[PDB]
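Q: Below, each chain spelled out in residue letters.
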Amino acid sequence: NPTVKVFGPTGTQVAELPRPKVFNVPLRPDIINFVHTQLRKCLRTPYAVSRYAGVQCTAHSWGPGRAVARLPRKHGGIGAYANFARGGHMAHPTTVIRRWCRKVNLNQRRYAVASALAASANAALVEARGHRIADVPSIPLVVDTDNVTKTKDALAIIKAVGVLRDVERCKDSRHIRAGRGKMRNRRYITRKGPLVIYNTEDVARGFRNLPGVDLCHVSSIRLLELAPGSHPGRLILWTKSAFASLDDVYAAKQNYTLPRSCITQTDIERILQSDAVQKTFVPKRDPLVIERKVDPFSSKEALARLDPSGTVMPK
Amino acid sequence: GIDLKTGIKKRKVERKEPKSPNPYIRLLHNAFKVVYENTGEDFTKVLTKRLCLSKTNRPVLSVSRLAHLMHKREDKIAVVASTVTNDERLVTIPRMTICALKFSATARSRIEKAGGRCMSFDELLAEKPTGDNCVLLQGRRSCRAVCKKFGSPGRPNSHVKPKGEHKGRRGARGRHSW
Amino acid sequence: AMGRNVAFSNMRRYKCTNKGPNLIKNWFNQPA
Amino acid sequence: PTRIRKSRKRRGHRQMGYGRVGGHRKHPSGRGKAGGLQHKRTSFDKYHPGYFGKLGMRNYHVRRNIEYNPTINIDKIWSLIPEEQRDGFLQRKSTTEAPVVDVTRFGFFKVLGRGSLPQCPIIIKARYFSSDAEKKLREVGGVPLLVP
Amino acid sequence: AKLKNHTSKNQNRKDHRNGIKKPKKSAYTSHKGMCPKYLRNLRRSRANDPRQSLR
Amino acid sequence: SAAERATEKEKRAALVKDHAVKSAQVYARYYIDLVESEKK
Amino acid sequence: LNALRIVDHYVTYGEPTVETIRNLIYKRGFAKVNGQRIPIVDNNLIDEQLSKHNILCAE
RNA sequence: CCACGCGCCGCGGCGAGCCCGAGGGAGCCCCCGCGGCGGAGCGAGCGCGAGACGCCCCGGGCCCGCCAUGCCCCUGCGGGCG
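Residue numbers (the deposited numbering), protein chains in the order written: chain A, 2 to 316; chain B, 2 to 179; chain C, 28 to 59; chain D, 2 to 149; chain E, 2 to 56; chain F, 20 to 59; chain G, 119 to 177.
Quick caveat, the hints were computed from the structure, so don't treat them as lab data. Do not rely on the hints blindly, as some may be mistaken.
Claimed, not checked - Cut-off 30 Å, straight-line C-alpha distance, at most; resulting in silico cross-link-like pairs (DSBU-like, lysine-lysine): (1) B/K150 x D/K34; (2) A/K172 x A/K153; (3) D/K77 x D/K126; (4) B/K114 x D/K94; (5) E/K25 x B/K46; (6) D/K41 x E/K5; (7) G/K170 x F/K41; (8) D/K137 x B/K73; (9) F/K28 x G/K150; (10) A/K294 x F/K36; (11) E/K15 x E/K5; (12) E/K5 x D/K27; (13) B/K6 x E/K23; (14) C/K42 x D/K27; (15) B/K34 x B/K46; (16) B/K149 x D/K47; (17) E/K15 x B/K11; (18) B/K164 x D/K7; (19) A/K241 x A/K172; (20) E/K25 x B/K149.
Using the sequences provided together with the hints, build the complete structure.
A: What follows is the structure, encoded as C-alpha cells:
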C-alpha cells in the first residue's frame, strides 16, 4: 500500500509510513451514526422532578353538588394535586429511573472507530465536514514532532502544514450561544477543528490551550472526538509514533479482525460501465405511440389515418 | 363513480428497494435493477428480490448443506443470497465457488483450504450478470423457532406448541382432557 | 400481539413505590 | 424516540385512537390474568393450553448440578479436535497412535448419535455412550471407553 | 335494559367480502380418517422398488 | 439496431394501409348487399 | 341474454347499425392495450395488438 | 410519559455461535472481563435420546421419546430387531 508522507515542522521529512490497514475498512455512515448517538447518550447526567413535588400540600376533593369543579382543593378552595391546576403534580412526573445509557456490543463500537478513521483518510469527507484542508498537503497528515511544550512552537507546526486556516476559524467564532443554554453553564460555542493523536510524544502541554484542537492517545480514540456532531470526517494530525502504532494498536484486540473492505459506488458503476455487462444488455420493444384522440370526421387527415380508401370517397 | 371494486381484490404491499441503511447493500440492488431493467433475465429478477428480502427472510445456508446441494455439480457457481457460516460437522468440504453477501471467518478458511473460491457479489456482477453456470439457492426460511411457535396451540388441528412452561394438566392429555 | 399468542408474564408486581423502605436502587454511583 | 411515535401523530384526534363509544378507561376487564376459567376461558384455551392444573411429581429442592447432562452428538465429537491435528489424525488412520477425545474435559458427559463420524479409528472417553452412538462408533473402527 | 337478540343482517356481506376461500389442496386428500389397513398397504408398497425413500 | 423503424415499420405500416384500402372496399360491398339481399 | 334479463332494470340494449358501430369506434373508441386507455387515432394501433386475430385495420 | 415483563416486526453487528455482567486496569467514549442464552428433544417419572431425502414453500416418507406389542439374544423384567 502506498506509504503515507510524514511532514516535518517546516517541510516534509524523508519519512514514509506504510498505510496502516485500518484505513481501508469501509466507510459506513449508518453504523458510525448508531454507535455515536448511543455512545454520547451513554454519557449523561440524570434529570428529574422531586418525588414529593406537589404532593406536599393537603387537599381533600370538595366533591360534586357544591358547584366547585371536581378537583382536590385546599382550605380556601384553591386548585391542587392536578396537572391542570396551578401548583399541582405534573400528572406523569419525570423520572430518574430512565435508561440514560444505551449499551452497544463491543464489536459494533470498534467497527465505528475504524469506520471514522478511514473516512478521515478520505480527504473529501473532511472537506464536507467543514474543514479547510485545501492548504494541508497530504491527508492523513503525519507531522513528526518529537515534543512540543510551547504553544507558539505548536502554532508553528500547524501554520506551516496548512492547518493555520482551520485553527484561525476556531478562534474567530466563539460567539455567545443561542437560547437558555447561556444560563445552563454552556455560554460559548467554539467551532471544533483539528485533532492531534500522540504516542508518548508529549504534545499535550503545547497544543491543549489553542482553540478547536483536542489531543487523544492512539490507544484510545473516542468516537465523539473522531466524529464531531455524529458526522464522520475529522481533520486529523498524527505524531509519527502514533501513526506508526496504528496497525500495532489494531492487533491488541484479541479477536478483532478488521471488517472486510466493500466496493465504492464509482467502482460498482465502473463494473456496469464495463463492456461485460454492457454486452448482456439487449434493446427491448420500441415504446407504443399513445397520442390524443381527435374526431376523424372533422378532419380529412384523421379520416385518412383511420381509413385511406374512405378518405378519397368525396370525388 | 366507477365500481372497480368487483374486478380487483385491493393492492398488494411488496418491498421495492431494500430498506437496509447499509449503503453497500442498496448499491447492489440498484445494480441488479439496472441489469434487470435492460435484460429481463429471470436470474437477474430473483437476484433483485432476494437482496430486497428482510434480514429474517434471507437465511443461513451453511457450507455442509451447500455441499450436499451441489454434490452433483460442484463446478456450477452457487449464488447464496445470505450469510454462509461453515459447519464443522462435515469434516472435509469439496471445492466450491459460492457468491454470498457475507462469509464467516471460519467459512472463508474452510473453502480456501478446500481450493474453493468464495467470490463476493461485486465479483459476480463483473463476471456473470446473467447468472450463466449459476444456481441461486437459499436456506430454509422456516428454520426460525418463531416460525414453529406461530399459530393457535389449543385447537386440535394446529400441532404447534404453547409459549411458556404451562405445567398444566387441563388440555394437555389428549383431546378428551379439557 | 395484545393477546392471541403471548407468554405468561414472569414479572412480580412492583412493591413499595409511594412509601416503603427505599426498595429501588440506581447504578449512577458506579462510575465514581 | 420521543419525536417518532404513533402517539405524537394522534395528537389532535380526540380520544387519541382508543375509540369514542368505549374509551381507554382504567383496568377495563381485569387486573392481572383475571378470568382464567370464567370470562377469559376462550382466550386462555385457544392459545395457552395447560395454564391450570397440577401434573408432575414434586421435587421440593432439585439439585441443579446433578441434573446437568450436556450431550455431544457423535458428529461434533470430531470437530472438537483443532485443524492442525484434524487433518493429521484422519489422513494417518492407524490404530497405534489413534486420536483419543476426552469429552469430559471438553465439557460434556454423555455422547448421543445424530450423524456419521468420519471413517477414522477414534477412542472416545466420556461418562456414558448412547446405543445409537456406540453402534456407529464401533462400526467406524472406534472404541467407546468409559472415563473416570 | 331490553336489548337486541340475534339477526344475520350484514353477516352475508362481511363473509363474501373476499370470502368463499377453497379449503386448500393439502386437506383435499389428507390421510386423516382413512382405513388403517389401507395406510399400511400404501406405505409398505411405495417403499419397495421405485419410491425407495429407504436407503 | 435502430433500423427497427426502417425494417418492417414503414413497410408494415404500408402493408396495413394498402390492405386496409382493399378491405375498405369489399366490406362496403357486403353492407350494400344487405339492403337488397334481404329485400329480394 | 339470460344474464341481461337478470340485470335489465339498469341497462338498455338494441341491435347496433353499422354507422353506430363506426361512429362509436371512430369518435369514442379507446384501446385496453397494456392496461392503459391509449386512444386509437390511427390504423397502426389496431394492427399492433389485433393482427394475430386478423384485424389488420380499424375498418 | 417513564420503567420492567411479554409477543411480534424492522435494522445494525457477528455466526454454532454470541454476550460494554459485576469487576479489574494511571484508564474515562479505551483495554481485559463470567454466570447466561443457545447447540436436542420427549417423558409423570426409571430416564432414554433424531439422518433419509429436500432452491425455497407445502405435504409425503422416515427417525427420537412417551406408549402397546411380536420375535431374537449377549454382559440380561437388561440389549437388539421389527
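Q: For every hint, state whether the structure bears it out.
A: Here is what the structure says about each hint:
1. Only pairs whose Cα atoms come within 30 Å are accepted, and B/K150 paired with D/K34 is accepted, the gap being roughly 21 Å.
2. Between A/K172 and A/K153 the CA atoms are separated by roughly 15 Å; this keeps the pair inside 30 Å, and the hint holds.
3. At roughly 14 Å between alpha-carbon atoms, D/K77 and D/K126 fall within 30 Å of each other, so this suggested pair holds.
4. For the hint linking B/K114 to D/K94, the alpha-carbon distance of about 20 Å falls within 30 Å, and the restraint holds.
5. Distance hint between E/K25 and B/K46 is fulfilled; the C-alpha atoms sit about 29 Å from each other, no more than 30 Å.
6. The straight-line distance between the Cα atoms of D/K41 and E/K5 is roughly 24 Å, inside the 30 Å bound, and the hint therefore holds.
7. Proximity of G/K170 to F/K41 is assessed by CA-CA distance (about 19 Å); at most 30 Å being required, the pair is judged to hold.
8. With a C-alpha separation of about 26 Å, the suggested pairing of D/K137 with B/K73 holds against the 30 Å cut-off.
9. Distance check on the hinted pair: F/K28 and G/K150 sit about 22 Å apart at the alpha-carbon level, within 30 Å; holds.
10. Of the supplied pair hints, the one linking A/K294 and F/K36 holds, its CA atoms being roughly 19 Å apart against a limit of 30 Å.
11. Distance restraint check for E/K15 and E/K5: the Cα-Cα separation of roughly 20 Å lies within the 30 Å cut-off, and the hinted pair is therefore satisfied.
12. For the hint linking E/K5 to D/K27, the alpha-carbon distance of about 28 Å falls within 30 Å, and the restraint holds.
13. Under the criterion of a C-alpha separation no larger than 30 Å, the hint pairing B/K6 with E/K23 is consistent with the structure, at around 21 Å.
14. At roughly 20 Å between alpha-carbon atoms, C/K42 and D/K27 fall within 30 Å of each other, so this suggested pair holds.
15. Proposed proximity of B/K34 and B/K46 is supported: the alpha carbons are some 8 Å apart, at most 30 Å.
16. At most 30 Å may separate the alpha-carbon atoms for a hinted pair to count; B/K149 and D/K47 meet this at roughly 17 Å.
17. Distance check on the hinted pair: E/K15 and B/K11 sit about 16 Å apart at the alpha-carbon level, within 30 Å; holds.
18. The straight-line distance between the Cα atoms of B/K164 and D/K7 is roughly 28 Å, inside the 30 Å bound, and the hint therefore holds.
19. This hinted pair checks out: A/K241 and A/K172 have alpha carbons roughly 27 Å apart, not beyond 30 Å.
20. With a CA separation close to 21 Å, the supplied pair E/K25 and B/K149 stays within the 30 Å bound.
Checked against the numbered hints given earlier, the structure satisfies every one of them.
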